[PDB]
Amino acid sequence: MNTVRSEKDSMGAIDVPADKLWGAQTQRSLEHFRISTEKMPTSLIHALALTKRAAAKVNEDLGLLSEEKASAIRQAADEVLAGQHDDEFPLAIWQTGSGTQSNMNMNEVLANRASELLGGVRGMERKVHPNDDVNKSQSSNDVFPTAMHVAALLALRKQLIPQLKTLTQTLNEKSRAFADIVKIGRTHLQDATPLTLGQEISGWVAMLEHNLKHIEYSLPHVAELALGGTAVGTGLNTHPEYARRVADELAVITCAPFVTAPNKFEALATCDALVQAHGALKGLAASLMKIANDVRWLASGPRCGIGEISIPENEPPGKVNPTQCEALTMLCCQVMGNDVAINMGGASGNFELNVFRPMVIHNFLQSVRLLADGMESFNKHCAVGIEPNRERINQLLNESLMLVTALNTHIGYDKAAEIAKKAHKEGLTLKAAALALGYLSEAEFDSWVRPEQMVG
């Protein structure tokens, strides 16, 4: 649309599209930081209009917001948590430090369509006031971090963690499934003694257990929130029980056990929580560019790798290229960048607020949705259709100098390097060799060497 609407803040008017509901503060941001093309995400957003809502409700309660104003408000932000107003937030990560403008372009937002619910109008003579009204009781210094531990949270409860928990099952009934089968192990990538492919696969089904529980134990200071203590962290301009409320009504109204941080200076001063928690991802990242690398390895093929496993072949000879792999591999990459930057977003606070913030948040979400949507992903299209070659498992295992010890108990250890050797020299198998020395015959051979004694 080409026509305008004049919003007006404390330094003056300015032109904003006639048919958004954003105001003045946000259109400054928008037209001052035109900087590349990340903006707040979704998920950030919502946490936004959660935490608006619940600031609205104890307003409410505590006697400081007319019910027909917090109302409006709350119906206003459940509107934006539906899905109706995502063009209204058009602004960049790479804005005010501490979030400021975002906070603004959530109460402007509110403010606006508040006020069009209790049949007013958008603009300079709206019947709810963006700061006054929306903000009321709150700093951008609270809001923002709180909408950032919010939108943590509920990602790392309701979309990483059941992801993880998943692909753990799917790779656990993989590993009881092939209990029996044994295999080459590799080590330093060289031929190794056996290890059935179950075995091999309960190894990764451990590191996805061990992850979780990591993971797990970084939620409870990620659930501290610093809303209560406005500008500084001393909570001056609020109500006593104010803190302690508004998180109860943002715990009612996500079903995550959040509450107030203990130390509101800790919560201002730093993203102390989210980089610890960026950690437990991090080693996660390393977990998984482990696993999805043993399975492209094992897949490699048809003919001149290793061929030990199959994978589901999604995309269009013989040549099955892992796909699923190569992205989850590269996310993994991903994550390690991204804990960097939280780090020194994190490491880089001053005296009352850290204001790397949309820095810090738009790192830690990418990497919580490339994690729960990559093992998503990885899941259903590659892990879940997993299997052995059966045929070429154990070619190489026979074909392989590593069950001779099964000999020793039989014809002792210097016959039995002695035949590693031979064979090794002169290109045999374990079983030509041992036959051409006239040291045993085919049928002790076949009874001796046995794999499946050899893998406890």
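Numbering follows the first chain given and starts at 1. C-alpha atoms forming the largest set that superposes within 1.5 Å between two forms make up the rigid core. Compared with the form deposited in another entry:
- Just one of the listed positions, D61, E418, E387, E68, moves its Cα by at least 2 Å between these two forms when the rigid core is held fixed, and it is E418.
- The Cα position of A436 differs by 2 Å or more between these two forms after fitting on the rigid core.
- Annotation: Cα of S10 displaced by less than 2 Å between these two forms, core superposition.
- Comparing the forms between these two forms, the C-alpha position of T409 differs by 2 angstroms or more, with the core used for superposition.
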Second form
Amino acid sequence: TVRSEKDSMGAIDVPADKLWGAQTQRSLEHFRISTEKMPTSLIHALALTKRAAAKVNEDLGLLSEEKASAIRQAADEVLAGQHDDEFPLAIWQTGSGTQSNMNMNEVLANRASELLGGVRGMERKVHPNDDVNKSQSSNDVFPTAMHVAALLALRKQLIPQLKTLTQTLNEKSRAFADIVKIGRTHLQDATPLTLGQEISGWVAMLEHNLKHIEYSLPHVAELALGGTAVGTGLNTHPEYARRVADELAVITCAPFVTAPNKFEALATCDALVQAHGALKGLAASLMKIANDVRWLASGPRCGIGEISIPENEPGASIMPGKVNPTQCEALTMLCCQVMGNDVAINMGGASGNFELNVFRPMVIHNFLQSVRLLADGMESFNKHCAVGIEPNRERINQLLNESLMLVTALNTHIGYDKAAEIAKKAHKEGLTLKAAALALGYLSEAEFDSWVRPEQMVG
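Following the display of the form deposited in one PDB entry, present the structure of the form deposited in another entry.
Left out here are the partners and the other molecules; the chain alone remains.
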């Protein structure tokens, strides 16, 4: 049931049906904190980092072709989802990510040994440190995997979902471009704008956010690998850093480059602090959009009720028309989460010392969570709410013609002071605008219905 594996501290029992080794087993004894583990995206990024290092070590004559090929095949198995239960370590581990680095070194070594016709354990043919970790430190591997995971998740999950939601809202803005509704400022009745114009604000927000996120990508694409322990690259080949960044760029099809300054790359999480700044901006924009949708849909009788949204959940038959805006609630909740995650990231990023920032597992846990939340949240909100937004045209028109600020249209005809008098009149008593205007003899009713035209008041 168990196997005895060894490190420099001695022997330790490891489950026979697992591929990790002594160091992973010790971490399981020493870091039994909560339930958060490395996410799949990070495990995959670590496997890609080892795959690239193995290829470059082979190219430089430092690692045999048979070992380099077996390591790459084992890494491909991780990427293919064959070893998810081989990565049991907590986020709340050593702050450099050493334990997860060793987790990957041990799993890949034991598995590559089997691929070469050998066995897992201390008789293995491939060695976690001398082979899988060759030319590397935990110090430069872990920030490399952080940036690989972050850049790929932004490119493959978040940005596509952001574009998809933007396109849906752009279509809605065009479809509702002629529907005049009442504006609200301070929650109070204002002047008209079209529903398409209001939605066009949401679209412009999402377009701006995309640009801000795109501006953060070049820094995230810079990789620490090759800085080794403290940034000098001592005892590495002078071409290794460029070569491994090039290999990661080839195998991921993403524009990874070696970090021009390895001291900044090891001592900080600055690229992720900055990139997460753009994500909390997106969270603030999505919060506003989600709130507008649920407030506009509120009712069906005692709120605003200007739009309808899809009803996705069942309800009591005695309560027809209570449609809780549950996609909006999920989205607003995750936006709060992103704001909190930003604070955790900022504290970790502010807290480097000398040659190494050792808040890294926590920083990447928060960062990748925010990406998942925003990407999946935008997908969910798009599919289950935004694509189905529809106007309640009768309710929109009823509210539009209730606003006393339609009196704006009378300025050019009878002057601001008499328009302000009609509005103050209708407000002080319980009268409409036209009832107030006719009681003052400032115009005829035909003059009113010809001059007060909301469709002419939207620019």
